[PDB]
Amino acid sequence: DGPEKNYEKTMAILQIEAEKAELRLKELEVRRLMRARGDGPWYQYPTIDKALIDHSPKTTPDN
Amino acid sequence: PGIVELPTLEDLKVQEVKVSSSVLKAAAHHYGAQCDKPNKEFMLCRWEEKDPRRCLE
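So the sequence lines, in the order shown, correspond to chains 1h and 1X.
Just so you know, we're using the entry's author numbering here: the first sequence kicks off at 81 and counts up by one.
Just so you know, we're using the entry's author numbering here: the second sequence kicks off at 1 and counts up by one.
Just so you know, not all the hints are guaranteed correct.
The calculated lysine to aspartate or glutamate pairs, modelled on EDC-like cross-linking and capped at a C-alpha distance of 16 Å, are [stated by the list, open to error]: (1) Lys40 (chain 1X) / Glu57 (chain 1X); (2) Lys50 (chain 1X) / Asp142 (chain 1h); (3) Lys138 (chain 1h) / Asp51 (chain 1X); (4) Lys13 (chain 1X) / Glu57 (chain 1X); (5) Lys138 (chain 1h) / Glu57 (chain 1X); (6) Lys85 (chain 1h) / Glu57 (chain 1X); (7) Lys37 (chain 1X) / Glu57 (chain 1X).
Distance ranges between label pairs, derived from CB positions [to be verified]: (8) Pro126 (chain 1h) / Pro7 (chain 1X): 43 to 49 Å; (9) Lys40 (chain 1X) / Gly118 (chain 1h): 45 to 51 Å; (10) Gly118 (chain 1h) / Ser21 (chain 1X): 53 to 59 Å.
Which chain 1X residues stay away from chain 1h? Per the calculated CB distances, all over 12 Å, these [said to hold, decoys possible]: (11) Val4; (12) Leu6; (13) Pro7; (14) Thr8; (15) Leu9; (16) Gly32; (17) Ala33; (18) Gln34; (19) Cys35; (20) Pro38; (21) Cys55; (22) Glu57.
Because the hints were derived from the structure by calculation, they are not lab data.
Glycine residues also receive a C-beta, built at the ideal position from the N, C-alpha and C atoms.
The task is simple: from the sequences and hints, build the whole structure.
Shown next, in the form of structure tokens:
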């Protein structure tokens with residue numbers, strides 16, 4: 081076929097690879113960033129829910 | 001890290017009842033019902049205020 085097919089198709093190949101390449105670099109940075117700070121959706125290590133607290137009055141006033 | 005505020009001993013010199021335990025329990029039923037109003041007020045403070053120093057009065 082014409083060189084145009086190879087030229088345009090290779091440009092699409094480059095565009096896909098460039099977008100993928102920059103995303104992986106963003107992946108490493110974000111994963112490092114939100115692992116440390118933690119104000120992000122993943123890496124949220126489990127805690128204990130406040131629902132499992134008995135708020136009813138106890139047998140002793142000081143509680 | 002701060003003041004652990006304790007009331008002075010002046011307000012603690014209150015008239016305390018001097019009766020043996022059996023005296024309290026013998027009249028316990030005839031004591032709880034007819035002195036409930038200050039009893040409930042004091043104990044509500046104990047659970048609500050949650051601090052001993054608040055319910056001295």
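Here's how the hints hold up against the structure:
At roughly 13 Å between alpha-carbon atoms, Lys40 (chain 1X) and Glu57 (chain 1X) fall within 16 Å of each other, so this suggested pair holds. With a CA separation close to 5 Å, the supplied pair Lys50 (chain 1X) and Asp142 (chain 1h) stays within the 16 Å bound. For the suggested pair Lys138 (chain 1h) and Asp51 (chain 1X), the alpha carbons sit about 14 Å apart, so the restraint of at most 16 Å is met. Proximity of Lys13 (chain 1X) to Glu57 (chain 1X) is assessed by CA-CA distance (about 12 Å); at most 16 Å being required, the pair is judged to hold.
As the CA atoms of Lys138 (chain 1h) and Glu57 (chain 1X) are separated by approximately 23 Å, the hinted pair breaks the 16 Å bound. Using a Cα cut-off of 16 Å, the hinted pair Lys85 (chain 1h) and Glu57 (chain 1X) is violated, with the two alpha carbons roughly 94 Å apart. Distance restraint check for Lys37 (chain 1X) and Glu57 (chain 1X): the Cα-Cα separation of roughly 14 Å lies within the 16 Å cut-off, and the hinted pair is therefore satisfied. The beta-carbon spacing between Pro126 (chain 1h) and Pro7 (chain 1X), approximately 44 Å, falls within the hinted interval of 43 to 49 Å.
Distance hint check: the CB atoms of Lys40 (chain 1X) and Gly118 (chain 1h) are about 48 Å apart, consistent with the given range 45 to 51 Å. For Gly118 (chain 1h) and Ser21 (chain 1X), the Cβ-Cβ distance of about 58 Å falls inside the hinted range of 53 to 59 Å, so the restraint holds. Against the 12 Å criterion, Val4 (chain 1X) stays outside the reach of chain 1h, whose nearest CB is about 15 Å from its own CB. Annotated as non-interface, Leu6 (chain 1X) keeps its C-beta farther than 12 Å from every C-beta of chain 1h; the closest such distance is 15 Å.
Taking the minimum C-beta to C-beta distance to chain 1h, about 16 Å, the non-interface status of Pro7 (chain 1X) holds against the 12 Å cut. Annotated as non-interface, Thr8 (chain 1X) keeps its C-beta farther than 12 Å from every C-beta of chain 1h; the closest such distance is 21 Å. Listed as outside the interface, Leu9 (chain 1X) is consistent with that label: its C-beta sits roughly 21 Å from the nearest C-beta of chain 1h, beyond the 12 Å cut-off. Every Cβ of chain 1h is farther than 12 Å from the Cβ of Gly32 (chain 1X); the closest lies at roughly 18 Å, confirming the non-interface assignment.
Against chain 1h, the non-interface label of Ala33 (chain 1X) holds: every CB pair exceeds 12 Å, the least being about 22 Å. For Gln34 (chain 1X), the non-interface assignment is confirmed: its Cβ lies about 23 Å from the closest Cβ of chain 1h, beyond the 12 Å cut-off. At roughly 19 Å, the least C-beta separation between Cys35 (chain 1X) and chain 1h is larger than 12 Å, which holds for a residue marked as non-interface. With a closest Cβ-Cβ approach of about 16 Å to chain 1h, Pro38 (chain 1X) is found to remain outside the 12 Å limit, as its non-interface label requires.
Residue-level check failed: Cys55 (chain 1X) sits 9 Å from the nearest beta carbon of chain 1h, not beyond 12 Å. Every beta carbon of chain 1h lies more than 12 Å from that of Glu57 (chain 1X), the smallest distance being close to 16 Å; the non-interface claim holds.
Hints 5, 6, 21 from the earlier list are contradicted by this structure; the remaining hints agree with it.
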